[PDB]
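What follows is a single chain, given as structure tokens, in the form deposited without the ligand.
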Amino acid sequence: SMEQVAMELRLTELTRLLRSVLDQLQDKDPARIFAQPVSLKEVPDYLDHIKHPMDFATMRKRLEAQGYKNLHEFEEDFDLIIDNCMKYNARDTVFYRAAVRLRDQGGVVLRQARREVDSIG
């Protein structure tokens, strides 16, 4: 059908919008603390602490696989990155501090992406 193509044209555009958004969020992590999943060889107990690990490369794989049906699902993943870090790491650590900053700085980016997704449909 033509209605399944028109969907795929939009999903593809949403994928294209969210790609831009992803790039901007990750620019707020110049230390690349959140770039890759937490190493299970280096932090073997990690899964005892964090049940849903998330990172930017894992969001990217999903994104290029058009796995985000909407902004909300994308935001959920971004929030996991931050919330996982803020649980696993104590307050006086470079990691916890890096998440606070990414949260604060990503907020502005997500604010505008909400309005753009509503605006463009």
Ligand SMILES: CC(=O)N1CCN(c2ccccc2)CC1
Given for the second form:
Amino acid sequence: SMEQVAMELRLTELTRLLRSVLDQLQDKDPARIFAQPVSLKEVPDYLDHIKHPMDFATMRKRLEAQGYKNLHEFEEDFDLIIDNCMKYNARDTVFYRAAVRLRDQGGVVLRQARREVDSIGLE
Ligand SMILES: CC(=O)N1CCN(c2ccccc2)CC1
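Having seen the form deposited without the ligand, can you show the form deposited with the ligand bound?
Once more the chain from above appears, this time first in line as the rest of the complex follows.
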């Protein structure tokens, strides 16, 4: 149907926006601490601690499969990256502090993204 095509154009446009948002957020992780899944070879007990791991590469995979239907779903995954890190790692670690900085800086990008998604009506 034409409606289904219209919907898919919207989703494709959302994906384009979210890809821009994702690139901006990853730029706030210059140390690339959140670039890849935590290695279960390097941290064998990780899944005892963290029940829903997340990272930028996993997000990108979901993104390119157009698996984010709305900004909220994307934000949930970004929040998982930060929140998992701030639980597993203690306050006085380079890992925890990197998550705090990414959260604070990322907030700026997500604030405007929400306005853009609302404005261009992508949901
Ligand atoms: C995202 C996060 O929480 N990290 C980064 C990956 N980690 C790690 C530990 C040992 C060797 C290599 C990497 C654990 C802390």
